[PDB]
Each structure stands twice: as C-alpha cells, then as structure tokens.
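Just one chain follows, in the form deposited without this ligand, and it is written as structure tokens.
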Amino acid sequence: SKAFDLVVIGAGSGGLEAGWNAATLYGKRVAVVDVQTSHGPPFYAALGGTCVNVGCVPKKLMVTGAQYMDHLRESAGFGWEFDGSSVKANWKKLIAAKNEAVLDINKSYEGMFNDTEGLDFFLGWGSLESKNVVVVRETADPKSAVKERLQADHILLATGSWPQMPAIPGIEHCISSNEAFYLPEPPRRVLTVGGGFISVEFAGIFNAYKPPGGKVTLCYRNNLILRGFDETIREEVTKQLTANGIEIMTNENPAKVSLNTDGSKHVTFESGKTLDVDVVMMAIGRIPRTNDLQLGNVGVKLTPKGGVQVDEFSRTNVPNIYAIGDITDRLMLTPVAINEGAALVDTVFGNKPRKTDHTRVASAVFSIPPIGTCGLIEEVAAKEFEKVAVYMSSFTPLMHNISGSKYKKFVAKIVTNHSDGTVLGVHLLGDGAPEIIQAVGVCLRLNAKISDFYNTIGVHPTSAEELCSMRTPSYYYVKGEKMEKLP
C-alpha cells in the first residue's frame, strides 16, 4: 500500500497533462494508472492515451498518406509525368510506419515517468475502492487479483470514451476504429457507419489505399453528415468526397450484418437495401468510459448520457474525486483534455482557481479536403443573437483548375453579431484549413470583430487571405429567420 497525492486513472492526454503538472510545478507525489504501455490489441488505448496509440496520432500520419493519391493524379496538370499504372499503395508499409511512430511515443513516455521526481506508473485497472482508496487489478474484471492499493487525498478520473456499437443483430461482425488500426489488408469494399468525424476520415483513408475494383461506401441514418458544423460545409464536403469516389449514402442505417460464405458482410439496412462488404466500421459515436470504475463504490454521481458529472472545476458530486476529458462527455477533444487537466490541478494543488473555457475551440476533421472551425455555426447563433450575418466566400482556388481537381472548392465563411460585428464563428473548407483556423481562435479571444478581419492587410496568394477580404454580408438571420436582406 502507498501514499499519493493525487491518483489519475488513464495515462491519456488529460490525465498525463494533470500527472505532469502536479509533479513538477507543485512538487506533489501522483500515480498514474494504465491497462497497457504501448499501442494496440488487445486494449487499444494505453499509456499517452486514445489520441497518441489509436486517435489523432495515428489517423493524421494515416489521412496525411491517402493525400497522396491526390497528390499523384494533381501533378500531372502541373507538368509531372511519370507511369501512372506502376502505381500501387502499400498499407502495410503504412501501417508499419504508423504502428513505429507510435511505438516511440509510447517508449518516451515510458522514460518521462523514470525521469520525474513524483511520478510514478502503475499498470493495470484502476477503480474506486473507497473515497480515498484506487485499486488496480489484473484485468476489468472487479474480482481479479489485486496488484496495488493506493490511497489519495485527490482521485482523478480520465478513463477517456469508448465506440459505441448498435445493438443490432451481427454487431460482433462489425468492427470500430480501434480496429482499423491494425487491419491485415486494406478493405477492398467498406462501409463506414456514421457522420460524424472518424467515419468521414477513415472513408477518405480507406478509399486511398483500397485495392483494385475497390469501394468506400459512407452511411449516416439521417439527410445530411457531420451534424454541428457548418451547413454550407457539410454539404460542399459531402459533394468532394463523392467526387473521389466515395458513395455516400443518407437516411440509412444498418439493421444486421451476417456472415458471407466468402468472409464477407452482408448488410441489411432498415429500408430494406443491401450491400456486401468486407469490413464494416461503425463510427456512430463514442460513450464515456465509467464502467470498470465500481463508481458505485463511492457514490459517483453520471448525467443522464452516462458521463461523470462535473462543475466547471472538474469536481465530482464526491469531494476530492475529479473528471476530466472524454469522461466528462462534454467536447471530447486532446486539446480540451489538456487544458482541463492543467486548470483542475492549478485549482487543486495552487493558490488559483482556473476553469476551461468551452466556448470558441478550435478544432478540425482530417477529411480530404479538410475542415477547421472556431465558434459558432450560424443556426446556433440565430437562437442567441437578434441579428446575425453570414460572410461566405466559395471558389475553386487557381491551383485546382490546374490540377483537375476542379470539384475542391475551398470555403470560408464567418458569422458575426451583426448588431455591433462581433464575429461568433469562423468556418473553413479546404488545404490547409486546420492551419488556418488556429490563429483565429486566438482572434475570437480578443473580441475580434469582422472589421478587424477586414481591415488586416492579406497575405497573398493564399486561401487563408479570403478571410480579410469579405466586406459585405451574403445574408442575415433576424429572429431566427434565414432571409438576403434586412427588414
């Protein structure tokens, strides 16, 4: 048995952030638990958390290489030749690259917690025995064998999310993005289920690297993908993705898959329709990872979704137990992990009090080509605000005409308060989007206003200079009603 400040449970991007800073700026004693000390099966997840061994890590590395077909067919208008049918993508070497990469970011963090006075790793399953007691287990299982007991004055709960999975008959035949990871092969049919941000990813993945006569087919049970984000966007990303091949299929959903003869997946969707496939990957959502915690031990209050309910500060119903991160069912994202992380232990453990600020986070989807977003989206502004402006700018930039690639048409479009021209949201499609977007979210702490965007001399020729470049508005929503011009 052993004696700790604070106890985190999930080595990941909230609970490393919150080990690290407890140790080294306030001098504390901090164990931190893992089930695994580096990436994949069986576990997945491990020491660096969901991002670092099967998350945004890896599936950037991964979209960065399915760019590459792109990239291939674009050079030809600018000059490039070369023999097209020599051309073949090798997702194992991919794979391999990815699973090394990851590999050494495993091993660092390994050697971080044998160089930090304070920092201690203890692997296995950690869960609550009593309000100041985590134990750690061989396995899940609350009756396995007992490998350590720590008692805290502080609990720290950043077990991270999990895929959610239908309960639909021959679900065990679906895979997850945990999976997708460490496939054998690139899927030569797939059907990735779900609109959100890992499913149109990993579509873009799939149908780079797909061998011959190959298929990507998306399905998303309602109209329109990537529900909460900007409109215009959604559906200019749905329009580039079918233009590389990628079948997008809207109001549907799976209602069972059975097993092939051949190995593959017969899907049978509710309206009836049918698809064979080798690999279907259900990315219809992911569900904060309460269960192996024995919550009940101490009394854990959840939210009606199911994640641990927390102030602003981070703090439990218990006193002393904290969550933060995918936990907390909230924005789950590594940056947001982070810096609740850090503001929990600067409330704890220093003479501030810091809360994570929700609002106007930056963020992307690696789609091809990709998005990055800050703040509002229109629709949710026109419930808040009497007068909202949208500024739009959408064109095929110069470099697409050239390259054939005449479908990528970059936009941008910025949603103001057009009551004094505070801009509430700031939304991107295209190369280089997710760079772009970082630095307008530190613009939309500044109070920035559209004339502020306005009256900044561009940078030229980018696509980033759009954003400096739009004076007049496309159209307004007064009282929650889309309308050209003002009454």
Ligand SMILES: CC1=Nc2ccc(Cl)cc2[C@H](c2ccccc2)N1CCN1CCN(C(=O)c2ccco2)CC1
Second form
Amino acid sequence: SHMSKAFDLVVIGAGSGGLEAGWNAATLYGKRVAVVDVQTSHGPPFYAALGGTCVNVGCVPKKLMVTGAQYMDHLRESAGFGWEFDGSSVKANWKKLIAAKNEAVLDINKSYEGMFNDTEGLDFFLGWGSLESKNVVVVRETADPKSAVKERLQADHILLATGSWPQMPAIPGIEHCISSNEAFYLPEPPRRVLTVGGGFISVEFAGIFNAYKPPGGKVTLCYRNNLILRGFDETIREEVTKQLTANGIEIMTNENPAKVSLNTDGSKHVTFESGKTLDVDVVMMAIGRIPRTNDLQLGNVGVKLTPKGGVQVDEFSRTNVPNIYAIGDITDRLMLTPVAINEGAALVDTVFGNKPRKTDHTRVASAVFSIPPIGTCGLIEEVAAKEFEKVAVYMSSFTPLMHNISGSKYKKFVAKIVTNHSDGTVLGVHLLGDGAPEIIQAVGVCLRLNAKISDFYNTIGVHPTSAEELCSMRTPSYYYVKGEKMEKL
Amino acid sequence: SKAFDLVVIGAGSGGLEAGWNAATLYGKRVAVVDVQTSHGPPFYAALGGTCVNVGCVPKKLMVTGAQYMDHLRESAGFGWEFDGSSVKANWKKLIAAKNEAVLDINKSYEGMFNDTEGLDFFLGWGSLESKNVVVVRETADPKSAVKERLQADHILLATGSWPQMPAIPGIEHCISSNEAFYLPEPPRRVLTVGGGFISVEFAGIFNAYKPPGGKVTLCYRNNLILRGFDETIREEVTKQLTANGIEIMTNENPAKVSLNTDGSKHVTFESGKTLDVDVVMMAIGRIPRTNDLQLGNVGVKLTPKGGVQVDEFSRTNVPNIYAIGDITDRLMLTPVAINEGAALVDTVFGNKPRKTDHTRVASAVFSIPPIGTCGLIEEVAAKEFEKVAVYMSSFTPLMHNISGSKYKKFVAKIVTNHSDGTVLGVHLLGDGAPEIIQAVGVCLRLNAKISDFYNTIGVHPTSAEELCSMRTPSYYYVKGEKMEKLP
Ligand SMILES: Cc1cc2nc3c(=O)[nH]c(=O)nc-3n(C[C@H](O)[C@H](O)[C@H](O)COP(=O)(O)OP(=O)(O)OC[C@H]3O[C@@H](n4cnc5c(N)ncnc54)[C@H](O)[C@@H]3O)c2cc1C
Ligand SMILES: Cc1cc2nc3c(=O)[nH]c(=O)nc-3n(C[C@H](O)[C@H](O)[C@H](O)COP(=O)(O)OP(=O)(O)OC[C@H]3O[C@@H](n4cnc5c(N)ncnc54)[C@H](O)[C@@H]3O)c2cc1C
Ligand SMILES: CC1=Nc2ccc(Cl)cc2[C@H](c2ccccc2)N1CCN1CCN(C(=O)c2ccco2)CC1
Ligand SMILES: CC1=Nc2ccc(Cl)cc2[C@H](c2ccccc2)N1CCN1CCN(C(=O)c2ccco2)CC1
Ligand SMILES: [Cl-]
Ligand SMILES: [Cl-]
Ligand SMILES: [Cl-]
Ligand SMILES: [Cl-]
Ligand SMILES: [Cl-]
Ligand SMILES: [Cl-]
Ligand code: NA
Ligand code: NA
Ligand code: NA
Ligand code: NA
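After the form deposited without this ligand, can we look at the form solved in complex with this ligand?
Following is the full complex, with the preceding chain placed first.
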C-alpha cells in the first residue's frame, strides 16, 4: 500500500553492527525492527550490501583469498617433505578464485535475505536511509537527498550503523587508482601492482596479489612513513617487513605517490614525492577508511560529529539526540566486525532488555592475515611503558623446525608477552607466525580474566606447537622502568 | 669411581628437565644415564628421550609432511592448477630430513652436557645396586660388565615407557612405532593396530605417503577409536579418516600373524577374518619401562599395572628414590614429565615443595585433521557433578566448501558445571585445534566460566572465535543422565 510503516527500532546499514542489533531486538525482545541497506547482494555499484562490509568486501572474502594465496607457499614448501611434481606446470588461476569467492559471498547474501523474509518483527528495506526527523527515517532511491522516496519508516529509536568507506587522496590522476572494493572484482590478476598504505589491508592485499601474479609480475607496497603496520608490536612490524620481502614483495617506506598518469600503452605511471617513478598495471589505495556520515542528512536532526568525523557517542553508543544511537566504523574508533557486533548486542540489551551493558574496547584480540599472520591482544610495550612504572617483556623468537625443513627459513615465529612487572598482570600478547590468529583468541579470554605471567607459565604446554611458547616464559628478556628500556632492573 | 647429589636414570623429557634444574638452578652435582647418544636402531630412544628421537618431534614433521596430500588437492578449489599425475610422495626424502633434524637435536643436547657445570652424561644401562648406588652396565643384562658405580644422595627413575606387544603367535613379524620411524620404503598396504593417538597419527602418515594402489587399515578391538577423548570428536574423526581413504576396522583384534612367501604378512583376526599387508604396526599401548632397573634390589613398589608407585611429590616408598614421567604410568605426555622433573627438583633441593597438577592438562592428537583438548569429557564430568551443560558447534568451514573437502567438520565443545558456569573441559577437532587449545589451558587455571568465554570479543574470521559465540547449551547431564532439557 502507499502508507508508512512503524517500528520500535530502525537500523540504517545491514552490516556487522546493525544486523546484531536488529536480530537481537526482534528475537530476544519481541521489538519491531526495520533494517535498511542499499543492495541485497555483493559487488558493483555499491560493493557493500546486506551483511555489511565484512561479508561482502571485507573479512570474509579477503580471508578466502589469503587462504588461496597461501597455496603458493604450500606448494613450494611441500618439496622439503618429499613432495615432487612438475613445478613448471603450476598456474594460479585468479578467475577461478574470484568466481569461488563470489558464489560463497552470494550464498551468505541469499541466506541473510531469507532470514528477513522469514522472521517476525524483522524487516528489510532496500534503498538509502537518511534522517528526516528524530522519529522518521526516509528511504530514497539513491544517496542524493533529491532522489525519489521508496519508504518512510517511523521509529521510536534509530540506529546509525552505516560503517566506513575507503579514503582516496586528492592527487592528480587519482581517477586512475582503485580501492579494496574494486580489487575484489578485478577481471584479471595484475602483473605489476602498487598497494599504497602500511595498514592491514595494503599488506593483506600485497600478499594476495603476490601469489596470484602472472609470470613476470611484481608487487610493490609503498608507505609514507618509515615502518609499516603502525599500532602493532615493533618487533613484529620489522619482522613481517622482512618476511614479505623474503617472499618477493618490494616494500617502499618513506614514499608517497604524488601523481599518476597513463603511459601510451595504458599502464599507470606513478610519480612519488621524492621523484622516484614506478610503472604498474594497478594502483590500489588503502591509505585509510572514513566514517560514512555524509548521506544520513544528520543536520536535519542535529546529531554531532567528532572533530575527527565519526558520529560522537558516549559509552552507551548514545549520540546527543536521546533516541538515536551509533555503533561500528561510523563511530571511527576500532574498525573491527566483532567490536561492531558486541556494541550492537550491548545497545539492545541496554535499551530493550533490562540489562545495561557497555562494550569493553580494551583487551580486544585482532589479527592480520599477512603471510604469515599476526595475532595480537592488548597493549604494545611502548604504550604500556608510558602508563605503568615497570614493564617487563618476555620474548621468544625462532624459526620453527618445520620451516627449517620446508625451506622458508625466514619464517621466524615471534611470541611476546608484555606485563605490569609490579604485579605480573599481562597487559598485551603479540604473535607472528602460522596459527597466530587462532592462538590469540583464547588469550583474549585470559586478559579479560586479568591473567598474570605466572598463570601462563604454570599452564602445561601442548607439545609440539607454537602456542606452547606462551607457557614457557618466566624470565623477562627486558624491561621498561619509568619509560626507559634496559635488559636488567 | 664417583659421587653425585642426583643420579638420573634416563636422559628423557623428565630426566633432562630435572638434571638441568638441579645443576644450573641449585648448583647441585648431577649425573644422567642413557643407553644411546643419537636416535635410531637398536635402542631407538636416546639422549633427548622418546619425544625427541621416536615420538613427538619426528612424528609432527611427518604429519606435517602428510598434510600436503590434502593441501595439494585442496589448492585446486582456490584456482591452483598443475599436473596432478606428476605428483609423488618421496618417503625417503622425508625420512632423511627427519633424521637430520633429530640428529641435530641429539648433538645440540650433547654440547649442552659438555658446557654445563655439575651435569654429567654416562652412556650405558643403569640399575639400582643399593639404596644409594646406581650401577651403569654394558647392556640390559644385569650380569653384563660394569662401566660405572655412581654414589647418589638422591636417585631419579625416568626411563620412560615402551610399546606393548601382545603375546599372539607371529608377534615377532609385527613392528612398533620405533620401527615405523625407519622403514626403508613407504608401506603399500599397512595395518596399524590400536585405537589411541599413535595408531591414528601413523595411519594418517602412511595414508599420505603410500605408493599407487596402496591402502591403510586401522583396527581396534572395541567399537569406537580414541577412548578418553570427546565422543562426538571420536565419531567425527572416524568419519574424516574414512573420507580420506583409511579403512577403520572396529571390534576386530589380531589373533595371529604369518609370513607370506613375498615377505608380506598374513593377519588372522579373532573373528576369522584375514588381511594381507606389508607391515603390521602394533600401537595398542605403551608400558612403563621398569624391567632393567632391578627395582627388587631395593624394593621400590610397583602399582598393579606396573608403574613405579609415587606420591604427589614423586616419591617412591624408599627414601631418596624418586620416579617421574611415563614410568609412573599416569599421563604420558612430554610437558607433564618436564613439569614433574621441575617440581621434584624444587622440592628436594629448593625452599618450596611443589607438586605437578595432572588435571586440565591440554593435549593434541596430530590426526588429519587434528584434535585439541583440555579438561573433562562430558561423561566424566557427569559422574562428578549433578548438573552438566554441553555447548556444541559443528559445521564445515566455508574454506572447506571451496577446497572440496566438504567432510571436514570443525567441532567445538565446551563442558560446564551448569550449577555455576565453570568450564570443566573444552574439545576441538579441525585445522588449528592444538594451537587453539593452549591458551584455553590457561583459562581453566583462572576459574573461567562459560560467560567469560562468551563475553570475550571474537577474532574474526577464525575457527577459534566459535568458542566465544556459545551461550546456549545444546543438551545436559542431570545426575548422570543425558537429556536435552533441564528439570
Ligand atoms: C578489505 C577489508 C578487510 C577487513 N577484514 C577484517 C577482518 O579480517 N576482521 C575484522 O574484524 N574486520 C575486518 N574489516 C573491517 C570490518 O569489515 C568492519 O569493522 C565492520 O564491517 C563494521 O561493521 P559496521 O556495522 O560498522 O558496518 P558495515 O558492516 O560496514 O555495514 C554498513 C552497511 O551500511 C550500508 N549503508 C551505508 N550507507 C547507507 C545508507 N545511507 N543507507 C542504508 N545503508 C547504508 C552499507 O551498504 C553496509 O552494508 C575489514 C574491512 C575491509 C574494508
Ligand atoms: C610415537 C610417539 C609419539 C608421541 N607424541 C607425543 C606428542 O606429540 N606430545 C607429547 O606431549 N607426548 C608425545 N609422546 C609421549 C612422550 O614421548 C613421552 O611422554 C615422554 O617422552 C616421556 O618422557 P620420560 O621422561 O618419561 O621418558 P623418555 O622421554 O622416554 O626418556 C626415557 C629415556 O631413558 C632411556 N633409558 C631407558 N632405560 C634405561 C636404562 N635402564 N638405563 C639408562 N637409560 C635408560 C631411554 O633410552 C630414553 O631415552 C609420544 C610418544 C610416542 C611413542
Ligand atoms: C545473531 C546474528 N548476528 C549477526 C551479526 C552480523 C551479521 Cl553480518 C549477521 C548476523 C546474523 C543476522 C542475519 C540476518 C539478519 C539479522 C542477523 N545473526 C543471526 C544468525 N542466526 C543465528 C541463529 N539462527 C537461528 O535460527 C536461531 C535462533 C535461536 C536458535 O537458532 C539463524 C541465523
Ligand atoms: C631446560 C631444559 N629442559 C629439557 C627438558 C627435556 C629435554 Cl628432552 C631437554 C631439555 C633441555 C636440556 C638439554 C640438554 C641437557 C639438559 C637439558 N633443557 C635445556 C635447554 N635449554 C633451552 C633454553 N636455554 C636457556 O639457557 C634459557 C632458559 C631460559 C631462557 O633461556 C639453553 C638450553
Ligand atoms: Cl587468471
Ligand atoms: Cl601511505
Ligand atoms: Cl613509523
Ligand atoms: Cl619413497
Ligand atoms: Cl586394539
Ligand atoms: Cl568403545
Ligand atoms: Na520480517
Ligand atoms: Na608451562
Ligand atoms: Na658437564
Ligand atoms: Na563473544
């Protein structure tokens, strides 16, 4: 019919945070929920869709594609264990990878769609949502607030959960460049590619492209500062740089693209600020992600933005307008799917259950699917050392024995535990090597239970594994004392 | 002749830890006896123990090696193309690379002895001459020539364990794990006998390296392999072994073995069935190695099954005589023997009594795919707690829908005391499981409840996060009885 529909909760953006909120409110609490997204399945023109950034063009397809990339290491490393086969026959078929990923993703899209069609009180609306007033969300045909109205949805409570978007720098020839969004759909793997950025996406893609490159290919990563993966453990930052270099990736630090132009053959010609040049078939920018707040017409209700650009929120995800909340990357804090999900669950417990609950943003475990991957939870030592008078660092680094037979001698596993040495409390744990993302998960539970180094040391090791290293350290390699590093007290 | 604070019989997992800790932490004078300096025939274990020479260390390399049979197949799902007809598994290369790694550790360990004050290695066979004297002889025979008499304040028994070989006719045409480590050729047809981890691990090893037309059979006298591990996991690992071409013969037991004219083995089971294979590997058990020690010289008591009786501080019935590791016939794991060794040394030579905790010890089976476990299985929990909840997740991860190994179900189970949420055990089957489970070991040392798991933020995408996404039991045990709803 031609009438608006009414809800307890309207959620704009059917992604990690919004889906957790909406499912919880409808199924745990009997609320009537509407959820809006721009697309029912992944890909061009809008990339993200039902299921969010993670399902469509994020965690899920990238993990698949890293898993694909790892077979290059596997097929080579097999020879050290006796495997023999015609090495000259090996090809990496990118198009098969992409078609397999696309169908996996589309199956989640269809699955999610089916759940909306079926679940009472939980409704999907296709289009672009924005705030018309504090109790009405309008759903339009495009992100232009002048496009046609498909629905008006009344809402007692409104959740903003539109996520983030790739930031593109304002350089000449930026139009010749792509983001991670387009990278997922490249018709063919680039012979030569530049990945611009030192963060997890650049690095992860650098390893994907490096395994699927055609014959005379070359992957280059550039970063404007001097060491990639700011925010992660420094030892690990240096080591993953070496290991990426060891597998044929050229890391360019202290380099930033100044312009891009097309060569007469149509390749991209990149000029760096230093006047170095590089010719490539693809330039993928991954220099950052920014909150998606522009299309919500927040000025219509006066929802405040932080100096930085995220929707401002309190610890309860509340904006300055009482019944309007924000969760996920739109708050511009930790841009991780399970953080968005925890925030959603906790919002809905607080507002609709009788159960106030704030997300804990500390001691969050995360991973980088570099090759080999990082697993990390809690504080890096230089941050810990500014908060706590005495810090101890327990460190074990070693090429594991499998990799002395596989040939990949450069694959050094690193395990570090950072403590408040005043009481043993584990402040952070940082891992580099095969299995690190899997090892770190239950370490997150330890940290939430305020584990001490002796709790780890007293646990009996599972042997032989990499993880047992965390249960074998009782003497600090070094310390920080009122901020200064020294091998002894 | 010669005087020591500590004489350790067996340079193995427990014995080395104890010997190291006594010499370097307490500045004691230590002698350590073992029968061989380097791995391999004739005594198999050597300096380093069973783990280093014919156990954890080389078995893991070999299972790593076997995993490629899967990785090579599964690469195709992700686009990888190559001539599969060209693929062959070179067992001899694997064996050589393994031998080299093990040999390096043997040498390294020798270097360590050579450079460590108060830590001496003696080659030979040790036994108890009297309450304070360890005789070191030429051979296992207690009548063979004396090489040494070591006087000792304190004597450590740490000679480990040995494969149990049943007394069936033709048992001498069978091998054990010791021999499996050195086979010249990968066996084309093989029978592994036994339901425990060593049988299962070797079954997956031989399965990957068998020549064309090959075939691994695993047999087990009872109805389901891997007793002691979680039941769902036992059933699922059986399915996953069968999917990868291993034939699992349950309720079958060899009654005899004969030699065929081609040098193969003819097996007859108790049921009358028969099977011809090239190698029959008996892995039905491992028994405490107490026989050459001459414990009767001083009257150290054995328990009924044959381990050296110990108290919780590793003390035998005779003052200043201790036993740790497999010889005590408890948990036969390397980190458990190390921990015993350490705790014993701190008690005897240090200011503080310390006893090893044998509960909530994390462990793995390097089956393909592998198991990780820590703490109680639900049937054991249900005889000791009135109200037990089980939380279970089981699904083929997406990566294995693409790889084409659709049979590879990941299983995560968490078993709780439902009266207060205390996690009593966690049980995993799937790639990464032994890695996942280590930090769960630490969790169980922190009174972790199911809600502590559940309120922790996942790392995505991993198999592990599955342990932080369960808050609703799948079923219960109330007063020992399995049901799906609580009263
Ligand atoms: C390449 C890449 C790899 C990643 N890998 C990981 C990883 O491995 N692990 C991890 O934890 N995190 C990963 N992330 C980050 C993760 O994807 C995000 O943190 C998470 O998806 C954010 O959840 P959200 O609810 O804020 O938004 P999203 O999941 O991004 O959902 C926002 C939704 O809003 C829709 N939308 C936008 N504007 C409107 C509008 N006006 N109207 C209606 N709908 C709208 C979008 O179409 C989208 O579906 C990755 C991200 C990227 C880009
Ligand atoms: C095939 C196999 C795989 C295994 N895999 C694992 C695994 O993955 N993880 C794990 O945790 N555990 C594993 N184990 C178990 C592990 O090897 C044992 O629990 C561990 O080695 C026990 O150490 P120990 O100190 O009791 O004795 P051991 O390490 O066996 O050492 C005892 C030593 O005493 C010597 N010795 C014996 N008699 C005499 C004598 N009278 N005089 C002088 N020396 C003597 C022996 O040569 C031997 O080196 C495995 C065992 C086997 C057989
Ligand atoms: C809880 C939940 N959180 C999400 C968080 C982020 C994303 Cl991207 C997706 C979900 C997912 C979801 C999918 C579709 C609509 C809402 C929520 N989702 C629902 C998943 N759901 C699990 C339980 N389920 C049941 O039917 C059920 C409920 C109770 C016992 O079984 C079907 C699928
Ligand atoms: C402690 C220890 N326990 C063992 C338990 C079981 C085995 Cl099978 C081997 C060891 C090993 C050892 C090897 C040789 C003789 C005695 C002990 N050993 C010493 C090996 N050690 C590794 C680390 N190391 C250190 O000095 C050290 C300790 C803490 C930080 O660095 C040098 C040698
Ligand atoms: Cl291709
Ligand atoms: Cl940059
Ligand atoms: Cl820097
Ligand atoms: Cl061979
Ligand atoms: Cl049996
Ligand atoms: Cl049984
Ligand atoms: Na509905
Ligand atoms: Na330990
Ligand atoms: Na010495
Ligand atoms: Na959780």
